[PDB]
Amino acid sequence: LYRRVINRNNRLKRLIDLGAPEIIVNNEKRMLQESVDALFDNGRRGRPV
Amino acid sequence: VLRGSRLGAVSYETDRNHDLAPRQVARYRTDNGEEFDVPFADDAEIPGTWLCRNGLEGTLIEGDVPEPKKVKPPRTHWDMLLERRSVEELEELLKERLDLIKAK
Amino acid sequence: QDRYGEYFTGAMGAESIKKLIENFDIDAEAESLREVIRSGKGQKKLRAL
Amino acid sequence: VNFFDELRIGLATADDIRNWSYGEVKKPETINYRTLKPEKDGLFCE
Amino acid sequence: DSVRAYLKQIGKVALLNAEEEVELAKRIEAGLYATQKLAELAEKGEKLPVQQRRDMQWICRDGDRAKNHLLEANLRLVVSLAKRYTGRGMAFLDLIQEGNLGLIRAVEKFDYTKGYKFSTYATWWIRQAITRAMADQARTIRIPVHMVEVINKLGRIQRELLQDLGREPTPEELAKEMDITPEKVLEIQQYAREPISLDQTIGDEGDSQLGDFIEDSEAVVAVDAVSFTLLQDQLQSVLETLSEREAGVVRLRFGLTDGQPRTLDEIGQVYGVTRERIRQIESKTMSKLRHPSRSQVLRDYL
Amino acid sequence: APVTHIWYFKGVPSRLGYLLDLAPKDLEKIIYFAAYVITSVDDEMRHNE
DNA sequence: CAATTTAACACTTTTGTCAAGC
DNA sequence: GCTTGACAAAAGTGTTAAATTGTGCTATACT
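Residue numbers (PDB author numbering), protein chains in the order written: chain A, 343 to 391; chain B, 5 to 108; chain C, 245 to 293; chain D, 4 to 49; chain E, 164 to 465; chain F, 99 to 147.
A couple of the hints might just be wrong.
As the list claims (entries may be wrong) - Across the chosen pairs, the derived CB separations fall in these ranges:
{"#": "1", "chain 1": "F", "residue 1": "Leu117", "chain 2": "E", "residue 2": "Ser380", "range": "49 to 59 Å"}
{"#": "2", "chain 1": "D", "residue 1": "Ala17", "chain 2": "E", "residue 2": "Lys246", "range": "32 to 42 Å"}
{"#": "3", "chain 1": "B", "residue 1": "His81", "chain 2": "F", "residue 2": "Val139", "range": "29 to 39 Å"}
{"#": "4", "chain 1": "C", "residue 1": "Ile281", "chain 2": "F", "residue 2": "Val139", "range": "22 to 32 Å"}
{"#": "5", "chain 1": "B", "residue 1": "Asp41", "chain 2": "D", "residue 2": "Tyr36", "range": "31 to 41 Å"}
{"#": "6", "chain 1": "B", "residue 1": "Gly67", "chain 2": "A", "residue 2": "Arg389", "range": "51 to 61 Å"}
{"#": "7", "chain 1": "D", "residue 1": "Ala15", "chain 2": "E", "residue 2": "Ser243", "range": "39 to 49 Å"}
Calculated directly from the structure, the hints in this document are not laboratory data. For each residue, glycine too, the CB sits at the ideal point set by N, CA and C.
Work the whole structure out from these sequences, hints included.
In C-alpha cells, the structure reads:
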C-alpha cells in the first residue's frame with residue numbers, strides 16, 4: 343500500500359515540473375488522495391483495492 | 005510448521021558498552037535552514053554534503069570543497085526542438101506569424 | 245475568474261480546504277452556535293447543539 | 004519504564020511526523036531482486 | 164468507479180484534424196522561438212516597443228495555449244491505448260497517467276513538416292511509456308527492464324511449447340526452444356515468482372491468517388546465548404592460568420579485547436620482538452591449552 | 099500536494115464537515131476535484147467598484 | 001547503446017613455516 | 001631467551017573484460 347502512494351506522489355512531483363495541463367495534474371492529485379485514503383482506510387471511500 | 009528467516013544475521017556479543025571507540029561530530033545545514041549533526045568516525049575526511057532527515061541535502065557548516073559534481077541540466081523544450089528544425093526556419097516562421105498579428 | 249481575478253480567489257481539492265481553514269476563526273463558530281442555541285426553537289437549535 | 008500514570012492522545016500537525024522520522028522514503032523499491040539486500044532511499048532502507 | 168469521472172472530463176474537447184495540428188505545431192514552434200528572442204533581447208536589455216511587447220506577449224501565450232489544447236485533444240487516444248494493459252500488474256488509472264506522460268513526450272517531439280498525422284507518432288511514445296511504467300512498477304521486488312523482457316520471452320516460449328508438445332514442458336524443452344542453458348532458465352523461472360501475501364487466510368478461515376504458524380530459524384535461543392556468556396568467562400579464567408606474556412599474545416592474537424586478529428608483526432611491537440618468537444610462544448601456549456588438564460573444562464562448547 | 103485524513107472527513111458525523119459548515123456532500127465534491135470553492139473574496143474592493 | 005558493476009588474473013606484497021646459533 | 005635467512009600459500013595491485021542496468025527513440029492511421 344505504501345508503495346502505491348509513492349508511485350503516485352513521485353509522478354505528481356514530475357507533472358508539476360514540466361507544467362502539465364490542469365486536467366492531468368488534477369487527476370494525479372485525485373489519485374494521490376485515493377491512495378492515501380486506501381492506506382489509512384481500505385474501503386471507507388469507494389471500493390477497496 | 006512453516007519456517008522463515010531474514011537477512012539480519014544475529015550476533016551473541018554481550019558488549020552493550022564493553023568497548024568504546026573514538027568519534028567526531030560533524031554538523032550540516034540544509035537549504036531550508038534546518039541543521040543536523042552526525043557523529044562520524046575519526047577516519048579520513050568528513051563528506052561535504054549529507055542527506056539529512058528532512059530529505060534535503062545539507063552542506064557542511066565549516067564550508068569547503070566547492071564542487072557541484074558535474075552539473076548537467078535536463079534537455080529543455082527549446083534545446084529539444086532545436087534538432088527538428090533549422091534556426092533559419094524558426095526565424096522565418098516567427099517573422100511570418102508576426103505578419104499575421106500585424107494584420108490581425 | 246477571467247473577469248474578476250483581482251477580487252476573489254477560488255481553489256479545488258485539499259489545498260482549498262487548507263487555505264480556507266488557514267484563516268478560520270474558531271471562536272466565532274462557537275459563539276454563533278451558542279447564540280443559535282439560546283435563540284433557536286426547532287431543528288436549528290438541534291443542529292447548533 | 005513502569006512509571007506511567009496516564010496515556011493521552013491527540014492530533015499530529017506534521018511537525019510531530021517530521022520529528023519522528025529518521026528519513027524520508029524517496030523511492031518505492033524494497034529489495035534487490037537477485038541479491039536480497041535492502042535498497043537505499045526506499046522501503047526497508049538501512 | 165473512480166475512473167468514470169476522468170472519462171467524463173476528457174469529453175469536454177473535440178478531436179483535431181491534420182491541418183489543425185499543423186498550425187498548432189507551427190504556433191508552438193513560433194512561440195518557443197519568440198521566448199528565445201525575448202531572452203536574447205533581455206540579455207542585451209534591448210527596448211522592446213510597447214505595441215510589439217504586447218503582440219509578443221500574446222503570441223507566446225497563444226503558443227502555450229496551443230500546446231495545452233493539443234495535449235488535451237489526445238486524451239481519448241491515450242486512454243484507448245492504455246486500455247490494452249488492464250488487468251495485469253498496474254492500475255488502469257496509473258496506466259492512463261503513464262500514457263499521458265508518453266503523449267506529452269510525443270507532443271514534445273512532434274514534427275509537422277513531415278505532414279504525418281499526430282496519431283501515428285504519438286502511439287509510439289505512449290506505448291513505450293506504458294510498457295516502461297508497467298515493467299518498473301508492476302512488482303514489489305523490482306526487476307530491471309532487461310530481466311523483465313527475458314521473463315516475458317520465457318513465458319511466451321513456455322506457452323508455445325505447452326501448446327505444441329501438449330504437455331507440461333520440462334526445463335530441457337524450454338532451454339532447447341530458448342537456446343539458453345538449463346541453469347539460466349531455472350534462475351529466470353525462480354526470479355519470475357511473485358511473493359505471497361503474509362496476510363492470507365491459511366486454515367480455510369480467519370482464525371489464523373498466514374504468519375501465526377511461522378517459526379524464526381534465526382531465533383535467539385536462550386540456552387545457547389547464556390552459554391556464550393559463560394564461555395567467555397571460562398576463557399577469561401583459563402587464560403589467567405598462563406603467564407603474563409604467554410596470556411597476552413593469545414589475547415592479542417585472537418583479539419579477545421579489541422577483536423582485531425593482530426598479525427605477528429603487530430604483536431612484535433610489544434617488545435620489538437620478531438614474528439618467529441611470537442609464533443613459538445603461540446604454539447607453546449596452544450600445546451599447554453589443548454591438553455586435557457585445560458581442554459576438558461571447555462570440551463562442551465564445540 | 100496536501101491530502102485530507104479520511105477519519106475526520108467521513109464517519110457520520112464528519113468532524114471537518116462540522117468544524118466548517120460545508121455539507122458532507124459539499125466536502126466530497128471539493129476534496130475529490132469535482133467542484134470549485136471560493137477560498138477568499140475581497141468584499142471591500144468589490145463594494146468599491 | 002552508454003554507463004555501472006563485477007569476475008578475472010599476471011603479478012606484488014604482507015604474512016606464516018623450517019633449520020641454525022650467537 | 002630470543003633472531004636471520006630461506007622458502008611458501010595467501011591477501012592484495014592494478015587494469016581489463018564480461019555481465020548487468022538505465023535510457024531515449026520507433027513517423028499509414030488508430031481517439
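Each hint, compared with the structure:
A hinted range of 49 to 59 Å for the beta carbons of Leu117(F) and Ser380(E) is consistent with their spacing of about 52 Å. A hinted range of 32 to 42 Å for the beta carbons of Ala17(D) and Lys246(E) is consistent with their spacing of about 38 Å. As the Cβ distance of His81(B) to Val139(F) is approximately 37 Å, the hint placing it in 29 to 39 Å holds. The beta-carbon spacing between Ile281(C) and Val139(F), approximately 29 Å, falls within the hinted interval of 22 to 32 Å.
Roughly 36 Å separates the CB atoms of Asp41(B) and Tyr36(D), a value that falls within the hinted 31 to 41 Å. Distance hint check: the CB atoms of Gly67(B) and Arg389(A) are about 55 Å apart, consistent with the given range 51 to 61 Å. Hint check: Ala15(D) to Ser243(E), Cβ distance near 43 Å, so the stated range 39 to 49 Å holds.
The structure shown violates none of the earlier numbered hints.
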